[PDB]
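Letter by letter, the chains look like this.
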Amino acid sequence: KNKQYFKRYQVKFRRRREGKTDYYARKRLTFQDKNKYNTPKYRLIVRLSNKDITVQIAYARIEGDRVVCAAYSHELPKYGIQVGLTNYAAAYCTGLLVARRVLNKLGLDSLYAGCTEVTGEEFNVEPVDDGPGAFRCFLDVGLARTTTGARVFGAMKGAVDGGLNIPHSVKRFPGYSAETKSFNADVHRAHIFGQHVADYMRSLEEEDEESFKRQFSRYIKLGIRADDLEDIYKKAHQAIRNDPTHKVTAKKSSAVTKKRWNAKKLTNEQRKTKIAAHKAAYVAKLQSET
Amino acid sequence: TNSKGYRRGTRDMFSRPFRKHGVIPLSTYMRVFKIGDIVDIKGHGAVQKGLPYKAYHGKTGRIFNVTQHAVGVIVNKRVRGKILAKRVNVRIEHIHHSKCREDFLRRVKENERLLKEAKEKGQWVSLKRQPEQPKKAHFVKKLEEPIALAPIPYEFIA
Amino acid sequence: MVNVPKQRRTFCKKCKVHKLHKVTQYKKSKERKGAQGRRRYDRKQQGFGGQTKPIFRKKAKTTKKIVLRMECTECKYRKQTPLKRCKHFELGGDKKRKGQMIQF
Amino acid sequence: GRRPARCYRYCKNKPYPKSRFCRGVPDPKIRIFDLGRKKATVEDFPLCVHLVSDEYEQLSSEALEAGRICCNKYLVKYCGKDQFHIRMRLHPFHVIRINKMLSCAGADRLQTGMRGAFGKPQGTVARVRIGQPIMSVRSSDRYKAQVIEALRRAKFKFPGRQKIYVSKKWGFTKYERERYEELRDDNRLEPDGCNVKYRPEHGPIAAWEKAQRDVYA
Amino acid sequence: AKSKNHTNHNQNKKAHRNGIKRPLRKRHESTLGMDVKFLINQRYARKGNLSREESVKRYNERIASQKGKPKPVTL
Amino acid sequence: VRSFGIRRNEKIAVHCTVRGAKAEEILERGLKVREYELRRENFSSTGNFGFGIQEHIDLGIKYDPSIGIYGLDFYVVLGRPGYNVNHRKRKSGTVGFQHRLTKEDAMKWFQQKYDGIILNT
RNA sequence: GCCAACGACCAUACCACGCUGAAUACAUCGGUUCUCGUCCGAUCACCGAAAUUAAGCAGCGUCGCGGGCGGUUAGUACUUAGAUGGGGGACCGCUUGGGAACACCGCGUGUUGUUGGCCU
RNA sequence: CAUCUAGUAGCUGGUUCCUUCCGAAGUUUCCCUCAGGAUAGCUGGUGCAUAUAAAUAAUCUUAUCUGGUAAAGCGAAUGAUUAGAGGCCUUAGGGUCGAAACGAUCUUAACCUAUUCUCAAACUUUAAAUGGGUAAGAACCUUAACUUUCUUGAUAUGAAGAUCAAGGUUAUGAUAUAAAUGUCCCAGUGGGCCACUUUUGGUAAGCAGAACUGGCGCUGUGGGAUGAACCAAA
RNA sequence: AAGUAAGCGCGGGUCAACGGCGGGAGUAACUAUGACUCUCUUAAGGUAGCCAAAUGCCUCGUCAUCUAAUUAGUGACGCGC
RNA sequence: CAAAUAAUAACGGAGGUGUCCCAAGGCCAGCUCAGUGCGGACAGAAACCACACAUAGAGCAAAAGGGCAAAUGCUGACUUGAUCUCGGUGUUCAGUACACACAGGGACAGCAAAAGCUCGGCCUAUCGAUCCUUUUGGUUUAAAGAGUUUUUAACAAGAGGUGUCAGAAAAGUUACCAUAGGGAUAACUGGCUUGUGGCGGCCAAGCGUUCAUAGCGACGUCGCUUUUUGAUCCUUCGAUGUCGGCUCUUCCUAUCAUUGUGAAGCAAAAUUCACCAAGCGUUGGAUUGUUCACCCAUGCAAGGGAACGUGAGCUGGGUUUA
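Residue numbers (the deposited numbering), protein chains in the order written: chain CD, 8 to 297; chain CT, 2 to 159; chain Co, 1 to 104; chain CI, 2 to 218; chain Cb, 2 to 76; chain CJ, 62 to 182.
The hints are simulated quantities; they were obtained by calculation from the structure and are not laboratory data.
One thing to keep in mind: the hints can contain errors.
[Claimed, not checked] Using C-beta positions, here's what the derived DEER-type ranges look like:
| # | chain 1 | residue 1 | chain 2 | residue 2 | range |
| --- | --- | --- | --- | --- | --- |
| 1 | CD | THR264 | CT | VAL24 | 35 to 43 Å |
| 2 | CT | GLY10 | Cb | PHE39 | 33 to 41 Å |
| 3 | CI | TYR9 | CT | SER28 | 54 to 62 Å |
| 4 | CT | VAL24 | Co | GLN80 | 40 to 48 Å |
| 5 | Co | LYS27 | CD | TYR44 | 49 to 57 Å |
| 6 | CD | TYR16 | CI | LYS40 | 20 to 28 Å |
| 7 | CT | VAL24 | CI | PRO18 | 32 to 40 Å |
| 8 | CT | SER28 | CJ | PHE135 | 51 to 59 Å |
| 9 | Cb | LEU76 | CT | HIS70 | 19 to 27 Å |
[Said to hold, decoys possible] Every beta carbon over 10 Å from chain Co, so not counted as near; a handful from chain CJ, in silico:
| # | residue |
| --- | --- |
| 10 | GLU85 |
| 11 | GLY113 |
| 12 | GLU116 |
| 13 | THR155 |
All residues carry an ideal CB built from backbone N, CA and C; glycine is no exception.
Make the full structure from the sequences, and use the hints.
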């Protein structure tokens with residue numbers, strides 16, 4: 008609108024222009040005290056997608072957050088889960104994968120084993136004696152709506168099963184009803200092992216058997232049947248507890264000059280010769296008037 | 002007959018700058034303030050908690066204290082005619098780091114780098130600042146298009 | 001019509017913990033004889049001096065600060081706290097309604 | 002009571018406006034600032050001639066009102082009825098007050114003798130500066146001599162001293178007459194009523210061919 | 002009868018005589034109105050310095066007996 | 062207003078909204094009442110269009126004098142896939158020029174579906 | 001040359017259109033048994049797979065708007081300090097230093113940090 | 001009439017020897033306070049701590065932070081305000097050639113857009129000069145590894161502290177009237193007045209009120225015939 | 001805690017006790033004027049008289065008289081500060 | 001205002017306060033506001049529904065200002081941190097108090113999945129000593145010969161109130177007057193000042209049968225004049241006799257008349273305009289204390305002022321003691 012609110016236009020930051028950051032939570036997640044001078048705080052960042060679950064551990068530094076541990080969902084094929092990468096069940100693996108990925112490199116896997124006895128109860132790790140406790144994260148959800156049973160709370164119980172000390176309440180765990188709480192670990196245990204994805208594909212050969220070719224396709228391709236998922240996820244909870252090695256790749260060295268496509272933008276000598284012939288051939292076209 | 006009271010005359014003191022309104026950038030809370038650090042006060046109008054009162058805007062103190070949200074800064078005010086050193090608990094958003102001494106500290110870093118390699122020569126180490134001495138004798142060559150190039154004093158008529 | 005609830009959940013410093021309290025008022029509980037400064041007042045004006053003591057006209061304030069007694073439900077322990085100055089005040093009485101029809 | 006500006010001659014103060022902070026300011030009985038053929042084009046009237054202040058005076062509204070009528074009535078008498086546009090370039094938004102002392106009946110004593118002084122707005126005046134125009138008349142070059150006498154007749158109704166400048170501009174536009182004639186001689190002076198439009202290289206390009214479709218066609 | 006109140010005339014002549022007076026520079030400025038949990042057994046971070054060189058450069062190899070704390074401090 | 066008799070919060074209207082293949086009950090059921098041929102504007106520049114019918118019992122509703130007859134307000138907002146680009150809370154955006162459908166592509170959608178005529182009035 | 005999550009600075013990044021887009025991605029998209037929320041599965045929450053020239057960060061294009069930097073305005077305006085300088089006054093000259101601003105013209109149009117990938 | 005009675009007085013008047021040295025104040029807060037106190041400042045006295053650097057302290061240069069006044073501005077916002085020019089139009093105030101016409105000129109005024117004149121104690125994108133603050137080294141700069149419950153971290157690496165190590169030439173300029181610190185809270189004072197510059201009220205005033213520095217008060221002498229203040233000089 | 005004396009409060013009398021004693025419109029054949037009507041009120045609306053008075057501001061009222069000439073005098077007049 | 005740190009005055013200018021608030025406090029989540037455009041039966045300039053634009057143009061008990069957009073705005077969710085304590089700091093400042101804000105420590109609690117730091121109101125205002133009275137409070141200390149209970153006291157924290165708001169308990173009149181002082185302060189003279197009056201000079205719209213200036217002269221403009229008249233408070237309050245008239249002298253010119261002149265729309269007469277010009281003259285009465293103006297009259301012709309001229313010159317009518 009015309010040149011004069013543009014002069015008075017103050018943009019929003021860059022990411023609030025693009026939906027990524029709160030900055031009312033980013034201010035309050037990354038708050039450290041001032042008599043805790045330069046101590047990092049290491050929050051736990053699980054961002055979902057359509058076909059990925061990015062769980063990370065980042066701490067607040069000025070020239071950028073620094074990411075110290077990054078487990079994705081597109082590697083769980085290596086641990087025995089081929090499809091259904093954005094499950095409530097498949098998050099607890101990437102929750103548990105990012106905790107065991109960081110306690111081996113911090114050496115805190117001898118102590119702080121975790122919860123392999125996966126039950127769905129509330130589990131808060133008591134500190135191993137001869138010293139203080141374990142690695143603390145804080146969950147950073149962004150503006151995922153934090154209603155009860157979201158997959159973003161499906162990496163906090165995954166990471167607290169590895170042994171990390173993330174502060175809790177079970178109010179948003181799937182299977183804890185609202186009148187009252189009414190703790191119930193079993194619906195959480197059903198959701199951990201992928202029971203209600205199995206129960207729907209055990210309830211879909213009763214109503215509309217053709218809809219297997221719809222939703223729960225590619226289980227038909229890769230042969231995953233519904234009774235396998237309680238033991239597909241169960242045998243993955245120790246194959247993840249045995250090889251958390253960060254998935255580092257070495258192309259060596261193909262990142263820069265690849266190979267052909269620098270994409271130059273119209274050096275100003277060209278733009279002033281672009282509007283040499285754009286102006287000259289216009290009046291010659293206007294000499295086709297006469 | 003007023004000053005009296007507390008944010009009076011600070012219509013332009015705690016204003017924001019032009020198009021620097023809105024959300025506070027996040028490194029303002031990521032700065033580290035250790036006890037004995039030189040620190041300017043320029044108050045933030047968009048943080049209404051822990052603002053310094055108006056005498057101390059524009060001043061400069063040293064951090065004597067750190068607490069969870071603020072720094073105690075010890076600032077000099079001339080209350081006429083004498084200087085008390087005032088202790089002002091001021092929140093972190095209203096507090097900056099002084100650049101004044103970290104371009105003195107990059108000379109202590111050179112009064113030991115230049116006295117290091119002066120163990121070979123010896124002298125002059127030349128470790129004092131010198132004011133702008135008068136210039137030199139120097140040979141201005143013309144050549145350059147010989148002179149005149151001659152001004153004359155003339156612009157009035159209109 | 002400043003509105004205060006009959007019951008408050010606030011710290012009691014005999015159970016050293018937040019309990020539930022019941023809010024009341026204070027008014028004044030008028031003066032005895034003998035109070036000391038009343039027994040002393042009554043001997044100055046035993047007779048023939050004639051008004052030995054000031055008499056305060058030229059008062060200025062309309063309001064008073066309300067002393068809200070807050071008795072505890074368990075230990076039966078009363079604290080007090082003043083609120084600010086306000087003209088009308090009621091205990092309990094009809095929480096205001098949110099967004100209903102403006103009744104004429 | 003319309004006491005003149007005869008003893009106003011130390012004027013000191015920052016301009017109190019007729020704004021939302023001294024409301025009660027009057028309707029001006031001095032309104033019009035411009036007259037003649039004010040609908041004439043740029044091309045009609047090449048000569049501009051100003052009356053320029055070489056002092057720092059405080060020219061009154063009634064002085065400026067009087068000087069326009071004396072500049073008008075000589076030009077509609079001599080150089081033609083509508084061969085001029087007079088532009089009176091001093092719009093007087095000033096407040097000169099008056100402490101009035103309603104001292105009728107000689108006995109009241111209440112209002113103000115020297116305590117206390119709120120005022121009442123009566124005046125309106127224009128600060129001039131050195132070299133700063135007061136009025137410009139635009140006309141042809143045939144009536145150059147008739148123009149200066151109407152500005153001379155307006156001189157003796159203003160305070161201070163004033164200098165009559167034939168400007169070397171081409172009308173009220175800020176162009177040299179040669180630079181007006183060269184720049185109008187290709188395309189670049191797209192005319193309006195009083196003023197022309199200038200030398201456009203931006204933007205973006207759509208109003209370049211529109212010029213070129215109306216230089217040839 | 003209401004004569005002449007308020008002037009800062011003479012007030013800087015009169016305040017520059019015994020001069021305009023910097024406070025003075027201390028090596029020991031007070032710890033009061035300072036963070037009390039920063040101070041209250043940093044009182045005992047001083048009182049734990051029973052010795053500082055004799056029994057203390059014994060400690061440089063007494064913890065190098067366990068090769069120091071060189072790795073696990075890096076979290 | 063004091064001219065109609067309404068105040069702040071006086072509960073004057075009743076509305077609802079039907080989305081997706083159940084509107085295509087209540088659209089065409091109330092469009093042959095308008096005998097699908099519909100007026101020209103009646104068609105917003107934003108691509109939505111709508112109309113209004115009185116006599117609410119032409120919707121397959123029996124007359125039923127316990128409720129009375131009513132005049133209603135039918136508004137059909139219309140859109141392509143991807144119009145929830147500005148509706149998500151995370152990482153939002155705007156639709157652009159093309160896509161964004163004109164009046165003359167809702168009319169293009171109306172001469173084909175239900176085969177109406179645009180009735181240049 | 002790029003892609004994503006998290007960022008810093010917060011328009012050189014914005015706005016309007018226009019035109020491309022390899023690959024990983026990101027999407028739009030499908031569904032409502034479950035957990036969850038609505039007047040409404042649009043939004044949110046959840047299960048997860050059948051087509052692409054819209055998002056998206058861009059590849060950009062624009063004698064684009066804004067914004068940014070430089071030049072010029074200009075040693076201009078103002079101003080420190082000085083005079084037994086001028087003038088009836090208003091105010092102005094000079095001495096001694098300091099030194100702007102609009103506009104105007106030209107230039108470029110995000111820079112980068114950590115961690116995972118892709119290779120036209 | 002005599003006594004109480006030398007009643008009281010923030011008020012007027014007077015207050016008695018010389019020389020030497022140092023030398024004010026008319027401002028702050030508070031007071032039934034406005035012809036007065038108490039208070040702080042300004043003064044003096046008396047010392048004391050340090051005499052056959054790198055102790056520091058005060059006007060400039062350097063480094064850095066601060067500022068919205070002069071100027072600038074209104075083709076940037078908010079407020080004004082002057083003129084035309086080009087037009088969306090379907091607002092017309094009705095028209096005009098026509099019953100209204102859309103069959104045409106559009107008439108004007110609205111509304112929109114590129115311009116325009118002139119401006120703001122209680123407007124401002126910009127933004128000086130003179131200013132305000134800070135810094136410019138052993139009280140320092142890099143180390144090493146110890147202490148800590150409070151201290152934080154899962155770190156008895158943080159952060160503060162306590163020690164040993166290693167560091168040419170004390171880290172702009174100019175000055176040092178001796179500076180530092182106590183006590184008598186020590187006396188007088190708490191009517192001021194004049195001037196450049198900036199200012200407010202007032203038509204103005206040898207008027208009223210302020211900021212700044214210099215003066216008279218408290219001060220002779222030279223100059224302006226004359227004169228509190230001007231010029232020169234104490 | 002009841003019952004309680006005067007006084008007060010409530011009730012009546014009293015103005016040769018202290019004191020007080022109203023507006024606004026509309027109307028009669030030229031105009032003018034308002035006997036008449038409506039209404040607002042009050043404890044009562046200033047009666048009989050008298051008056052620019054030693055009492056009337058406006059004011060040296062207006063008319064007459066007194067003088068050559070009267071801001072004085074006298075007689076009148078009267079919405080009478 | 002205020003003169004770019006802060007400070008800063010006048011009976012300077014423009015306003016505000018003495019309250020309101022169980023939410024309008026606390027906190028999470030969702031949400032986007034002013035207005036504008038195209039639409040949708042009744043339905044119009046506005047009713048509602050819905051889309052697109054909207055840099056805050058809205059809203060926030062806020063007087064003004066600052067500030068604020070996945071909020072500090074709007075709506076829901078639970079809620080009581082409008083809690084208990086102990087110091088310290090900022091403001092005002094004497095670096096006193098209250099009070100208001102702040103930044104912490106020690107609890108105990110609210111919201112939230114959690115980080116978060118919630119010690120009333122987004123920030124700048126919304127308030128109060130001693131003595132007294134009065135609650136709450138220890139599960140108390142004392143009443144002095146000793147126990148017991150009542151009573152009283154004391155101590156901690158609030159409230160009751162001082163709006164002249166650092167906080168006496170308070171109506172007039174004096175012309176019958178008194179005292180201490182004051183030129184720190186009015187009444188008259190003198191000084192400065194001139195908004196008010198008038199007297200001049202420029203420009204010339206015009207008037208004058210015709211003619212802009214014989215005589216004028218609008219709108220402007222630049223000066224002179226204090227005496228009326230304000231403004232002022234400098235000199236005088238251990239005192240300058242305060243209005244007029246009478247008397248008497250001198251001076252000014254801003255010229256009424258006369259002398260000498262110039263000009264007219266100057267025939268004579270009568271008049272008008274102007275120049276040199278202060279020498280002589282500028283009167284008698286009625287009414288009023290007046291002072292100007294008016295009235296009768298004479299007069300060739302009836303000008304304006306100065307020492308506030310003039311009370312040890314008088315008078316004493318005005319004014320002004322009892």
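Right, here's what the structure says about each hint:
1. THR264/CD / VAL24/CT: 35 to 43 Å: Roughly 39 Å apart at Cβ, these two residues keep to the hinted range, so it holds.
2. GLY10/CT / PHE39/Cb: 33 to 41 Å: holds, 36 Å
3. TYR9/CI / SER28/CT: 54 to 62 Å: holds, 59 Å
4. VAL24/CT / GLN80/Co: 40 to 48 Å: holds, 44 Å
5. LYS27/Co / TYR44/CD: 49 to 57 Å: holds, 55 Å
6. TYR16/CD / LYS40/CI: 20 to 28 Å: Between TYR16/CD and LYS40/CI, where Cβ atoms are some 39 Å apart, the hint is violated.
7. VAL24/CT / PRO18/CI: 32 to 40 Å: Given range 32 to 40 Å: holds, Cβ gap about 37 Å.
8. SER28/CT / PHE135/CJ: 51 to 59 Å: 54 Å Cβ-Cβ, so the 51 to 59 Å window holds.
9. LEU76/Cb / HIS70/CT: 19 to 27 Å: Distance hint for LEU76/Cb, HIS70/CT holds at roughly 26 Å.
10. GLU85: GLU85/CJ is indeed farther than 10 Å from all Cβ atoms of chain Co, at 36 Å.
11. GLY113: holds, 28 Å
12. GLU116: Non-interface label on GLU116/CJ holds, nearest chain Co Cβ at 31 Å vs cutoff 10 Å.
13. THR155: holds, 33 Å
Hint 6 alone, counting from the list given before, is not met by this structure.
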